[PDB]
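Here the complex is missing a single protein chain, while all its other protein chains stay put.
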Amino acid sequence: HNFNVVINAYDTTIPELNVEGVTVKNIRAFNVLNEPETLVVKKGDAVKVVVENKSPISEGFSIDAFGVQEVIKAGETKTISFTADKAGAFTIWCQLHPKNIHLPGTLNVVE
Amino acid sequence: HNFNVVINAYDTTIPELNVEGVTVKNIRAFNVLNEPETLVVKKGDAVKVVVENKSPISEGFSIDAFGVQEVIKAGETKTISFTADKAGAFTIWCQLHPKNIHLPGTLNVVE
Partner (left out) sequence: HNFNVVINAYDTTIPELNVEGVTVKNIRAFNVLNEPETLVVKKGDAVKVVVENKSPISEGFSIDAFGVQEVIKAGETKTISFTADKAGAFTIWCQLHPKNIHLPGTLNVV
């Protein structure tokens, strides 16, 4: 039917940990991720993306090629619809945060 | 025909390195990556995924929509098969580690 994307935030801190004999140290990463990151559609069909923002703050969802640029508030849901009338690969990104904190995804429009 | 995915772990620490005049300082990133992250199939076909675990620890490979939940031991290869009976975009993730340490991928089932 329609796509389902969940936006999650992760605050990871692992000073030291032995995982199956392997010790990992000084890990510190904070990120926001769109799950899933990639969406593939056929050129022409209308797209419906139900974005559920589970992040503690407002998150962005943009796709330049199709004038898509929304802002979903914390704990809110938002259906984003548009028509992929152009072929190619387009970056799905958050216009609100650093791109290497809230990692971008991809909208692929096949011929 | 048959997908090939390699799971790799990276333990990266760079105190300070000047590359072509640009300073790359205080880098500390630990991640596990599925190479490649995205698999694109068509609704209906029988998917075959040969997953080779090059990570020094056990790694997970999960895709809820198709009941896929596997653990690949360090240095082992496991072929994962399932039918993509439904269209859409589904997250490929590890159920053992933090999603922003072991970055997730996507299974795209197209009509």
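Chains: A and B, in written order; residue numbering restarts at 1 for each.
Definition applied: a contact is a pair of C-beta atoms (placed from the backbone, for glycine too) under 8 Å apart; a residue touches a chain by one contact, two chains touch by 3 or more.
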Omitted-chain contact residue, chosen from A:34, A:53 or A:108: A:108
Touch list for subunit B against the chain that is not drawn: 1, 3-5, 8, 10, 12, 19-22, 24, 26-31, 33, 35-40, 103, 108
Touch residues of subunit A, complete complex, unshown partner: 11, 13, 28-31, 37-38, 40, 56-57, 88-91, 93, 98-101, 103-106, 108, 110-111
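What we mean here is this: only the chains that are shown with their structure count from here on.
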Euclidean distance of C-alpha centroids - subunit A vs subunit B, Å: 16
